[PDB]
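Here we start with a single chain on its own, the form deposited in one PDB entry, put down as structure tokens.
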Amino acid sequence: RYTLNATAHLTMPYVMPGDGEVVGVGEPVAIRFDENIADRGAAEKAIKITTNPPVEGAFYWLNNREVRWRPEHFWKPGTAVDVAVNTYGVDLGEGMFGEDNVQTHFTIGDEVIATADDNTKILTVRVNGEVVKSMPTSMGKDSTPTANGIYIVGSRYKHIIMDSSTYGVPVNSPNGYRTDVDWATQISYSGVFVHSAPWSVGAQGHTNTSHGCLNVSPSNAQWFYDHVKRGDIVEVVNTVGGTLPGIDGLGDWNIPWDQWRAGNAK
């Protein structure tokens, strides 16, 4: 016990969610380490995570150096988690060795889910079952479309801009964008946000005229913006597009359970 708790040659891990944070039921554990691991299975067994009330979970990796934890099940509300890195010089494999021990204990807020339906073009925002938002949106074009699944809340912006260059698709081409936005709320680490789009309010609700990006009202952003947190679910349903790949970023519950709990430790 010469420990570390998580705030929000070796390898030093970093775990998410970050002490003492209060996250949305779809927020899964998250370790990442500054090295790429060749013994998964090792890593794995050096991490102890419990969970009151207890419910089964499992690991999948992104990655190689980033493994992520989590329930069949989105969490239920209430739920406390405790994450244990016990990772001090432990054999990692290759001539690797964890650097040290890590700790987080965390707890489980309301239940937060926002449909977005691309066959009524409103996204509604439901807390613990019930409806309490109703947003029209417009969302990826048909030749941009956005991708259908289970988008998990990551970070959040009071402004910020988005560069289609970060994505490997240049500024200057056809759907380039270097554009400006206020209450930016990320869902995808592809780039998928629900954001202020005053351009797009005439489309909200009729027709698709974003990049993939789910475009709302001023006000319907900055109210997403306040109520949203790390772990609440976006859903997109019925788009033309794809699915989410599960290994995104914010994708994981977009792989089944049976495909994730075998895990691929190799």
Second form
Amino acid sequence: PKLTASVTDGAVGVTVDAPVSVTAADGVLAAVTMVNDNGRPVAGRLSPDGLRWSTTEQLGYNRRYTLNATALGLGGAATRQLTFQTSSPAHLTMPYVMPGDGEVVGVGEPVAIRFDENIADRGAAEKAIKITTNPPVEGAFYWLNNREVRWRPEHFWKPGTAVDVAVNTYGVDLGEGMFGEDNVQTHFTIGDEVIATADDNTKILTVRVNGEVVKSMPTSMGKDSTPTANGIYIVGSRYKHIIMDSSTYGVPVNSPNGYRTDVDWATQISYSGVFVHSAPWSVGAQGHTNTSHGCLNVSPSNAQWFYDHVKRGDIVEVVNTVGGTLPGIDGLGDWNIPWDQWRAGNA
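Structure of the form deposited in another entry (previous: the form deposited in one PDB entry):
Here we give the lone chain, stripped of any partners or molecules.
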């Protein structure tokens, strides 16, 4: 009878991203036990036909295990002992995915994987991220910085699409001895198409649901001094009220363009600090003149309507302002990068 392990006796550097197995050939598996360096049994299952056995729980880094298996066929008996050592990472990194599990989002919500460390080997990271879509659509990876990678289609998601994201980084060398701290797996669905548009020509924020106008909001955006970049913004988090602090976006409150205001019904559409919010002090200007540092000022009535009917992932498109274009790597500006450049990636 012949025995076969998925590991070699004195091996060093056993990844641990996959389980350990043993197969019997011209016979059956009569006994299999794996134990770690400090003596505890690892736990595993033996298939019903008794031909294959595999560990059933997560194996650990910096571990020294030893396998003892015996196969006994009609002919005779065979036994082997193997002791190996798993990967001992130099450092550990944890990934966080967005959006949340079971969430329903807008058609512009990209898949997000953020590591709490810089990733030396992006290919290894990407390769370890499995994305399923239904109906299937072509998508690609692209890094916003050294820690966050994002995945999205060429055009906005088609409503009803299911997105499944499995980040199987546990046991994977993500570069320079950087190993995944664990796995994570979110799943979400794409809802109604909600595209709001802010035209600096009319200074109105038009909200379109499935191509139909359902709201027109007078608005005052950033003033010439500090305009609102034109472009496609992806709706992020929504707040019933929030103290906006310019220092959060790099501008000292005490500075000229600095500020700190407690506003209501605020929906964030830019990491640079742009929000669609209630601005009762400028309702006068709303619809006629820009007076903000960049945010889309709207009446308190419209900001709340916006908070109740807009979801993360929906889109806000700004056009014709005196500002430039929202940066592709902003954090919610993903759609401003040409598909051509995005699909090619930067791994």
